[PDB]
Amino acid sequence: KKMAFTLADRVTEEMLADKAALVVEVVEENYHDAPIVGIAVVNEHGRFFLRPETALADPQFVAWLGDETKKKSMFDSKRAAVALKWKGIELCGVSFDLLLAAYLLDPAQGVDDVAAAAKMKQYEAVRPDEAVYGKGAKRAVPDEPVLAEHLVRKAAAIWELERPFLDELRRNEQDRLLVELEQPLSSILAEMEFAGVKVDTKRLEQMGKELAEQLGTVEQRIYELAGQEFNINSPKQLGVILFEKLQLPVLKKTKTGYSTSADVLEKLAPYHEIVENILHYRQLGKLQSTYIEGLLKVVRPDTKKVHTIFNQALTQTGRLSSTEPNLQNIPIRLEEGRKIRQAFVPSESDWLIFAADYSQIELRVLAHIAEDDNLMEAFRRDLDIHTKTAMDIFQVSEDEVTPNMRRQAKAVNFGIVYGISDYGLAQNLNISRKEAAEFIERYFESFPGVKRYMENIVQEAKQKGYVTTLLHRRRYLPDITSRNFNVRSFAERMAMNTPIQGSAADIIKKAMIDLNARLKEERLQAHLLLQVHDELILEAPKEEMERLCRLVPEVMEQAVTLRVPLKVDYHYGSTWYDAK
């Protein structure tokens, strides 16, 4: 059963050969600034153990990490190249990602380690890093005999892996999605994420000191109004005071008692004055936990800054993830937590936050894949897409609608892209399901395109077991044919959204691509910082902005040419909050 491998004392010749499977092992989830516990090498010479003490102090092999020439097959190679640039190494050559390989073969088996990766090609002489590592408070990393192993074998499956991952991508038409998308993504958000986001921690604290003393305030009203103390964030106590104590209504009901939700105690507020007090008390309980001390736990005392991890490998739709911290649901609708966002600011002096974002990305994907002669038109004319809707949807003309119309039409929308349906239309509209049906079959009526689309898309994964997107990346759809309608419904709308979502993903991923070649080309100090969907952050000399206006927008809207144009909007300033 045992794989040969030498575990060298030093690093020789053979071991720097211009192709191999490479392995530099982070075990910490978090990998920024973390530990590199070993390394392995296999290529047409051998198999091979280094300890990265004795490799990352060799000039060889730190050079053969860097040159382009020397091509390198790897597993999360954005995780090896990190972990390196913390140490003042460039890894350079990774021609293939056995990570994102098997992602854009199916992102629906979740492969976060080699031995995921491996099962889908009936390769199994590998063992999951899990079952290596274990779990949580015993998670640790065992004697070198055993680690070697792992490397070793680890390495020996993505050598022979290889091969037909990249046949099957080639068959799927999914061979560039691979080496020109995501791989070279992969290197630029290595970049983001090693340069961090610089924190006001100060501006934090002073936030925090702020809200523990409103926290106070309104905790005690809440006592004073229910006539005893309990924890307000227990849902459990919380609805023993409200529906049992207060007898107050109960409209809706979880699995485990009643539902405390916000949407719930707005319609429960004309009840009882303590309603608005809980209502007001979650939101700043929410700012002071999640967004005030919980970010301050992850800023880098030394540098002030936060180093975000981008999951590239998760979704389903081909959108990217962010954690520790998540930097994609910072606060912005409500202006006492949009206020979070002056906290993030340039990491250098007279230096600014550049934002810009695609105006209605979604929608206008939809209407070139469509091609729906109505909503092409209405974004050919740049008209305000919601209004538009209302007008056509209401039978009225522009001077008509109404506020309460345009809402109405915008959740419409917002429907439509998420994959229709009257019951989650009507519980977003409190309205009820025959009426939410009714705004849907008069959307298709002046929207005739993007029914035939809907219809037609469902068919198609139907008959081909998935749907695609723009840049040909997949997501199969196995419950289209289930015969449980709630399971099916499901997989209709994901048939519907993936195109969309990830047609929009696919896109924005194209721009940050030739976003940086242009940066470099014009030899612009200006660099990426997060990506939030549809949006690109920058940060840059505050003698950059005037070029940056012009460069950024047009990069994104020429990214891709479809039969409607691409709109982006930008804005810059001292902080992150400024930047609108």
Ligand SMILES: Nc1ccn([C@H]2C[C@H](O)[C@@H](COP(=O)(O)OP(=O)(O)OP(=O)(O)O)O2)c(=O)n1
Given for the second form:
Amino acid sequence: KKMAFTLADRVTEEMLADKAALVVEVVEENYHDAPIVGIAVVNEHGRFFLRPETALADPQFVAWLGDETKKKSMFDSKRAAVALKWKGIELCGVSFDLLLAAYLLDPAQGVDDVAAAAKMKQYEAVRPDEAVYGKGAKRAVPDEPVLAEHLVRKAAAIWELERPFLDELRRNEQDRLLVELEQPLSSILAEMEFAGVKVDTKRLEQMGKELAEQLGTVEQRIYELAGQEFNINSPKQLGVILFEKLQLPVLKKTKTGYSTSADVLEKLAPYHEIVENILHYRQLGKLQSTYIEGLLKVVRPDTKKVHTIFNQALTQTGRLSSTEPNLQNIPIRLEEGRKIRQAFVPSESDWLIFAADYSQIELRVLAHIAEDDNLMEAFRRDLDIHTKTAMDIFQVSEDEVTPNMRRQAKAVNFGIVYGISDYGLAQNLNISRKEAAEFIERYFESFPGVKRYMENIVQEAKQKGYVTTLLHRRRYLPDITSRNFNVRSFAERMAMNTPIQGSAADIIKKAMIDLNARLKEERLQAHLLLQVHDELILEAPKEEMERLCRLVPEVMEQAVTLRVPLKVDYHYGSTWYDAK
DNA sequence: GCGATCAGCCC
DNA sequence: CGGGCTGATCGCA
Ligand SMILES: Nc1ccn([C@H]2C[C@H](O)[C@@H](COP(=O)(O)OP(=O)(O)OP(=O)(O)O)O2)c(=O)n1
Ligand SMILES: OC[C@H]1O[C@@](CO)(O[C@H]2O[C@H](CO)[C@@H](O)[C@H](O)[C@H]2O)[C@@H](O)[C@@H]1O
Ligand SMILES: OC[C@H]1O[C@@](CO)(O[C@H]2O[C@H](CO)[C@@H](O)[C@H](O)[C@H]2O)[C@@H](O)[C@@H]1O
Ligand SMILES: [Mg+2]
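Which structure goes with the form deposited with this ligand bound, now that we have seen the form deposited without this ligand?
Below is the whole assembly, all chains and molecules, this chain first.
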């Protein structure tokens, strides 16, 4: 049965009620400077569809959109807010976002459209976006009659589903998480995305030139050593050269052929000079294709800025993800790739990049939740946690900790957070399961509180069916009861890791909210640009650095109060690279 | 074209 | 052993 609604040619007062479900449709996946194809409004007075050129040109409608006292319920309000920012229109008063609501209730559902969210409550009087717009090359906006009914049905679903979703969030003790954390954060992310990050394209282009030269040299050297030319970028062709023509040992295989991952190649290096060249080629090629070419493809020609989109409702742990471009995985470990960061610069003259990061937030969170006396004491003394772990598991004094011991203790600490496993640790340290198991046992002997926590959290996940974070984020783990060892073990590691990674996500998200409030109160021009899981990157006038050096770490350190202190390091400079 | 496979970058 | 995104190649269409 078709849904009734008014296909309006003009905006009326009835459409501007102080409470409504609103749909500002942006079909393009990347909504930056994207078209708004239609608008739907559902309120106490009825259901309405408005053509964008009409509504967005109407003073009354624009004013309604920007009035904080006029409450709107939406799905993915950030998408609408940003698309409107590019049009110079402010969206305020969004009191409920169905996308974020669904995400908090169950991240695993992968809710990506109104239909998916509605199906959670047995509401199916709305079609999936893909069914309406199609996919890939076939994607397209349908004729007005079809478009209008779809947007109205989506607004109608939001209107009907708000109460049921809020009720369940309240039962889950997650309503404040939505209203005081995720929704306010959505607006902050919208500002960050819209501001974008300035890129020194000339810098990138020059790097690309030099890489091309280096790649040419290495490429030829490879063919020389192989005695023939082939596609190095083809694990298939490369495998034949290495394991068949050159007869190198097959230390590991892939489900479809020979493994050629860096991990394996490093072990084969002693056998043939071609290996190091392949590794070098892989390194340069990664920088060239993914970072130089990749970044240049998404930089806006007119402003020379890149505008990422932070997916706030995707990860199973509460973290954000970044796309087109992903600015959360810019090289830093290796000097060559690290130089790419010199291309990320302040958007204004005489401004600088300021970066602040939490020091070991995950292990500090673990110390807090596990209430491990030894681990808490370690952080209260602000000790080098890896050196400390080495001293405990290897039974030696600080002065007796060798570089290799610290390196292995560090790997153990990662495993503990990820959800320890002899097999996983062994592969990482290139040792045996028996040996790796010995490290684990020694770790738990030194940190019995952590052992108790790991045991207890797994039991809790099985009993309740899910685990939670400091701010009540939730993750269901149905596989925790599986009779399949591999499937069950993965779920157990998730039970151990989610509260840690998840709570760290909760903390930095609150820090971002607290920070923006402080920056506004202080009337600073500084503003957030990026978040990279445990770090915040801002840009600001050089005259604001001294104030930021005190303000940013304090706000981040005081976001939440744990049984151990939170510690934040910071750096600033002329480019992201120099913010070290 | 579309998508599984393999690779490698980040925290 | 935890959580992500993107680019290359290549079978399949
Ligand atoms: N109705 C609620 C209550 C709590 N929370 C989330 C966000 C809060 O910041 C966090 C802590 O809530 P409280 O301070 O009330 O702590 P509880 O009393 O919930 O203790 P516990 O966190 O151990 O459940 O949990 C929420 O989203 N909705
Ligand atoms: O707007 C982001 C928001 O939309 C979803 C779908 O509801 O993702 C879409 O937009 C992303 C940004 O361009 C794309 O990466 C993704 O492929 C597209 O479906 C949500 O997942 C997200 O929270
Ligand atoms: O002492 C058992 C020990 O094994 C773990 C897995 O390492 O859990 C197993 O035993 C539990 C019963 O005590 C089951 O609930 C669980 O499903 C099974 O895998 C640890 O959690 C536990 O400490
Ligand atoms: Mg750090």
